[PDB]
Structures are given as C-alpha cells and as structure tokens.
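The chain that follows stands alone, in the form deposited in one PDB entry, written as structure tokens.
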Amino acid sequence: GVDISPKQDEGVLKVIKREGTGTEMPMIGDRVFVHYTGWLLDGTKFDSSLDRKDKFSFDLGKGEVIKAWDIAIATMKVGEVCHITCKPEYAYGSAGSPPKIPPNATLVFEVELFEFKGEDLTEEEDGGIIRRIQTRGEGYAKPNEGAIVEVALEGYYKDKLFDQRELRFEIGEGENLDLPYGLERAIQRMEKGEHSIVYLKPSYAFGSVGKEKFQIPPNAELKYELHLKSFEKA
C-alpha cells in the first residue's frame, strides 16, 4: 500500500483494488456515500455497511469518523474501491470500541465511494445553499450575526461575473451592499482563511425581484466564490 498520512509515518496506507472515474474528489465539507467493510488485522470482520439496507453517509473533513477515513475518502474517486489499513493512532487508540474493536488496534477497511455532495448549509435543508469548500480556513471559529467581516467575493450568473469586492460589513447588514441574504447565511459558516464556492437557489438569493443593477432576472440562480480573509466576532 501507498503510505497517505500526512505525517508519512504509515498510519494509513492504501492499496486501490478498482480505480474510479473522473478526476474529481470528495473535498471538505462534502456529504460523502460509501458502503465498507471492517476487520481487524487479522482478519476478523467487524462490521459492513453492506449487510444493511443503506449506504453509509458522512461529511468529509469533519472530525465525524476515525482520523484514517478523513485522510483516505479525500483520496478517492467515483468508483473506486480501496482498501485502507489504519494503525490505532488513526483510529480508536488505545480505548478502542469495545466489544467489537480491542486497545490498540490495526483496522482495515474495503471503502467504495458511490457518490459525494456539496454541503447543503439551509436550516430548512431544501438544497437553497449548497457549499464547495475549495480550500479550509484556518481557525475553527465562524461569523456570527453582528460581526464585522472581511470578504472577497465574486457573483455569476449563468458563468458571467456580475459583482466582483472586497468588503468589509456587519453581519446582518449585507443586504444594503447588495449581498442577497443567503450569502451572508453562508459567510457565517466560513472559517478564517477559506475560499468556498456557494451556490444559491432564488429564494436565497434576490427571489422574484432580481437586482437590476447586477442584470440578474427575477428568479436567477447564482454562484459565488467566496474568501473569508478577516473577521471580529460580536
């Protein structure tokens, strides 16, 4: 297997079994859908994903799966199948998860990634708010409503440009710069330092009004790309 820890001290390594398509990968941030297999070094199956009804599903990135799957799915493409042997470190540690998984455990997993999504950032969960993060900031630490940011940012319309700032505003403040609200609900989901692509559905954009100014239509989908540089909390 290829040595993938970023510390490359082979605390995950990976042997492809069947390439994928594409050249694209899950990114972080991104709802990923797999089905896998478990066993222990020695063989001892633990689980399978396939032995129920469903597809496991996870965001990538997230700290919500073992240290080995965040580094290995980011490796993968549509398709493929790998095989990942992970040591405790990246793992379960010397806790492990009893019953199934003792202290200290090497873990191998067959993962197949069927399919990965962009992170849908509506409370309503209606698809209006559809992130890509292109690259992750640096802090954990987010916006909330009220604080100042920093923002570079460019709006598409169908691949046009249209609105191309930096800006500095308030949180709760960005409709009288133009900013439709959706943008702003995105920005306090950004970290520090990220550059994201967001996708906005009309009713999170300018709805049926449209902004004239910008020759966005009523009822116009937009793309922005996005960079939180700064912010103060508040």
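Residue numbers count along the first chain shown, from 1. What changes on going to the form deposited in another entry:
- Hinge location among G118, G79, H83, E89 for the rigid parts moving between these two forms, by C-alpha fit switching from one part to the other: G118.
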Contents of the next structure:
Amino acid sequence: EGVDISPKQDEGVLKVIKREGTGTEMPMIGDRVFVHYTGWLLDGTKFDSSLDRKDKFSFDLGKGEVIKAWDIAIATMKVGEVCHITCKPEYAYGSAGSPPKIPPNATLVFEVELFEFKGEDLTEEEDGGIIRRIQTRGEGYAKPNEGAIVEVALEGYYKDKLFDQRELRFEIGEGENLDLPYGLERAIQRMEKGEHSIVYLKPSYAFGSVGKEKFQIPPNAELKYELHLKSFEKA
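Switching conditions: you have the form deposited in one PDB entry, so give me the form deposited in another entry.
A single chain, with no partners or molecules, comes next.
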C-alpha cells in the first residue's frame, strides 16, 4: 500500500506512514541522515537489513549514495517517523537486479525509520566547525570566490537571542572588517545565488575565546546564522 510520492507521478515510489514522527523539519540535500531499515521482496523474503548491525545506516541525502527511491522517500520523512515504501525497479536495482540477494526487475518494499539528521560539514578538517542546513536550494551552479562582491541578508543568533540583522553588499576577503566571523564568510563561498541556509559555527570558526562584546557574544560561543545569498558579481 501507499500514496504516490514520485516527482514524475509514475507510481514508482509509494509511501505508507506506520508511525508519525515529531516536529516539522525534514532532510534536505547535503544533510547526513541516520536510519534503520529492512527490505523485503513481493514474496515476503527479507533480502537486506541494518538491525543485525550494531550501528545505524547513514549517508548524505541527494548525492546518489543510495537508490533513487530512498533519496525521494526520506526527504518526505520527519525524525522518528517509520514508513513503508514500495519501489518499482526504475527507482531501485533495475533489470539486472543485484546479483545474489535481489532478483532482476524487482519491486522492493522497505521499512525505514528516520532517527536523526544533521547538516553538511563544510570544513576541510571534518571537525564539525561549520555545518550547513539548506532551507531552499539556490539557482544555478555559480559560487562566490575571493574578491566576489556579494549581496546577502543575514541574521546571527546566540542561542535564542538575535545579535546581528543586516543586509549587506561586501567583497569576500573584506568581511573581517564588518564583524563577520571567518566561518560564515567561508560558508558564503559554498552557496549558490538565491540560496537560503542555516550556518552553525563552533567557537573556533566564530569569535573564539575572546568573543565579541559589541554583539554580547561571550567566550566559547557556538553561533547560528540564517542567511540568504541574493546575488553576486564575481572577480
């Protein structure tokens, strides 16, 4: 059973909710999702599962690390939701199937529980110092570089408190003169025109041990910026 949740409206992913999740947020492209699952064939045979394993299955959504039907279905899930999805071969393992466990031209059924998702780690260190959650994907591939003139609209939060709200036109490489933390200016360079995102900064990529008295930011503060990259001229 299930409703058609395929973009093409071709009945290739069908979804039943078994248990409603909580909150409103759902995974976006780039986010790291943590799931438990089991897969059956139309004859009832279990072919794969994660529950035998001591850990949860995790992957980046939208980057093609899972089958197409999973990318589609999970973007419709809330944290704590358990759903059943029925996947036509077009959106699964196709005509070849998957040599041993999965037969040719198979329609697959998964039980999937969404446990947790956090944002894309933009750091080269992979130290979690700059995390991005996308709110709206931008328009086209161009990303700002050193010397690019950007127009942005920003809101900085320290816990629930708003400390900085500004719309600004500035040059990438000059943001340090405008009370913008390194980590935010860095992240701006990973955004596409039109993009709206939340950027989470650890103290090191923010204002560090010193903090910023003029914004009432204490030492060792994690910060959250809601930001729009509205436009930019490059080099």
